[PDB]
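Peer 1: Generate coordinates for the entire structure from the input sequences, incorporating the hints supplied.
Number of protein chains: 2
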Amino acid sequence: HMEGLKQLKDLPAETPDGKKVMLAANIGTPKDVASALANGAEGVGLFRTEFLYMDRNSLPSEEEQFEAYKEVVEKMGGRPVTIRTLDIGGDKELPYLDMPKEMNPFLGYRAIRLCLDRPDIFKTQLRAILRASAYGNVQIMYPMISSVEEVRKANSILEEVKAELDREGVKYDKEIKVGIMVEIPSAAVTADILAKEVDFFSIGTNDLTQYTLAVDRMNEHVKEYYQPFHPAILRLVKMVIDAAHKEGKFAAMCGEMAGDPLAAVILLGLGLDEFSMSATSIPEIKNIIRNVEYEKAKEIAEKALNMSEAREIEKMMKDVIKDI
Amino acid sequence: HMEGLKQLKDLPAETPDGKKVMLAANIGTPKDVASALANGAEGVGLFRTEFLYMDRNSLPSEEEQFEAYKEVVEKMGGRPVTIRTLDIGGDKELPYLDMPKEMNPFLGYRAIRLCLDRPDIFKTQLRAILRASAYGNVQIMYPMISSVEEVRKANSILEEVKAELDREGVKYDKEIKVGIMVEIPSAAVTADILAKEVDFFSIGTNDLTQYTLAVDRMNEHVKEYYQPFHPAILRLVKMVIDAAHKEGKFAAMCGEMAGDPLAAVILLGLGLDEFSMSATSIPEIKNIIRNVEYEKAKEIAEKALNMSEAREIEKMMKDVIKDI
Ligand SMILES: [Mg+2]
Ligand SMILES: [Mg+2]
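Just so you know, the sequences run in chain order A and A'. A prime marks a further copy of an entry chain. First residue of the first sequence? That's 249 in the authors' numbering, and the numbers climb one at a time after it. First residue of the second sequence? That's 249 in the authors' numbering, and the numbers climb one at a time after it.
Honestly, the hints are just simulated from the structure, not real lab data. Every clue listed holds true.
Dumping the calculated BS3-like pairs for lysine-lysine here, alpha-carbon to alpha-carbon at most 25 Å:
#1 A:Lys563 with A':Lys444
#2 A:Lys425 with A:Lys323
#3 A':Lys349 with A:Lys349
Peer 2: The following block contains the structure:
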């Protein structure tokens with residue numbers, strides 16, 4: 249039941265036996281929206297906001313951020329747009345920040361840790377996001393979360409800015425959903441604790457794999473140690489999905505794995521709610537979903553979770569994709 | 249029932265209700281043995297071997313390594329000596345190696361990854377350890393293990409050198425036990441898979457905490473994010489201990505947590521078999537073990553595993569230690 253792109257665009261990612269999932273786009277600039285919609289994106293599962301901070305000599309103003317966020321939210325016309333707060337560290341050059349030199353920047357002062365130490369930066373971004381939420385379906389997502397304590401600290405600043413907007417008579421979505429990236433292993437291991445205090449999870453498998461295997465995903469000398477289908481990763485993914493569902497929340501994935509045809513059936517079978525990916529990956533994943541029964545996918549996921557080697561998992565999924 | 253050092257030395261680390269655990273020493277040079285024995289060490293749970301590789305212009309010969317290993321094994325007189333294979337990376341200067349410059353050395357080309365890419369170095373060390381095993385109770389431990397595949401690769405080289413020694417008519421302990429450091433999160437998450445193919449685990453909580461929380465344990469700017477009592481760490485520790493026990497293997501811990509009085513009762517209650525620590529920490533931990541019932545410790549561990557914040561866990565353990 250494979251379909252062509254033109255036919256697929258308006259079709260749902262639904263199994264022949266009625267299991268529906270959401271396919272969304274990852275974007276890094278408002279310019280990416282056109283392609284996302286052209287590929288049938290049902291939302292933006294990850295709006296990377298670093299573009300507003302790069303290649304400039306001062307912080308992006310609240311207004312500039314707001315205009316950027318609003319544009320995307322408007323164009324998505326009601327579809328949910330999940331905006332990830334600043335996720336940057338000392339490995340990038342930002343003339344206006346003054347970041348410490350670090351031996352291991354990926355394990356250092358970055359992302360939510362930077363924002364909590366620089367609430368001036370954080371409040372500005374949160375204000376712009378909140379203001380944009382008046383014009384569509386907006387969700388907030390915190391990156392590099394290691395603990396529920398950090399979520400509470402971040403939410404405290406969020407509530408602070410909400411109160412500011414209230415006093416200023418500025419509109420925002422009072423029901424705005426707030427979730428976290430799951431990419432630090434501790435967040436996956438304690439997803440049950442976090443699930444009680446976040447509206448949703450989005451699994452960042454790029455860095456989850458990096459941290460869980462202790463392998464820099466950019467380091468050529470150990471590239472063979474970077475293994476997304478390592479059983480540990482599948483187990484952590486399952487843990488996050490189950491944890492969200494136990495509390496009646498949703499689990500998304502915006503790591504590259506979500507756009508991987510080899511992973512599609514496993515993710516479907518594990519009960520992943522939302523796949524977020526490069527726009528042009530959407531039709532391919534949709535075709536797979538539409539051509540595999542949910543019950544079959546669950547059997548396949550179960551089989552994958554019982555294997556011991558990434559290699560045999562990949563071999564199995566190669567065959568599955570072959571059969572359709 | 250607190251005892252003085254002189255009385256404690258020969259006493260076992262045994263709860264009033266009969267639960268015995270092993271207290272062992274971490275050492276970094278043969279010179280450390282005297283202090284280990286003086287403090288009642290029942291073995292060496294971690295022999296860090298980097299001393300043989302540091303501050304020199306060529307690799308340590310098989311003979312030099314052998315003499316060092318033999319000395320320690322002899323002096324320990326029958327007590328088990330767990331020797332950790334080379335655990336070093338590019339962050340250290342070794343004139344004779346030529347290591348790549350890396351953005352994140354802690355996630356890079358180091359330890360077992362170096363040894364697998366440089367089997368000449370690995371074989372020499374394994375030969376020296378094997379040869380030393382003819383003279384006492386020796387165990388081998390691989391560091392920075394992320395997957396069972398790596399254990400199999402390492403063991404292949406071990407069996408290769410064993411076969412060499414056989415041909416040369418050189419003695420070694422045919423029953424030598426071979427285990428792994430659990431410090432990469434994936435190793436803890438898949439401890440059930442690893443447990444079938446290792447003789448024992450030793451939990452390296454120093455780096456397990458670093459990788460699990462994605463926090464460089466040497467980076468001052470994020471030091472507050474390094475939290476050994478984060479529930480994720482306790483859960484991973486429990487997972488490793490239970491996994492070993494399900495396969496009838498032993499679980500040790502050589503991370504600093506094992507020498508932490510605050511952790512003692514939790515570790516005891518979780519069923520940790522072996523605590524390895526700086527020698528002078530042994531009597532303090534022994535006193536605690538001897539003054540808390542196993543059944544009580546299990547209740548306390550269970551209580552700790554049900555908490556959500558490292559802070560409340562630490563507060564609870566402060567009180568426990570206060571009461572004795
Ligand atoms: Mg990431
Ligand atoms: Mg270590």
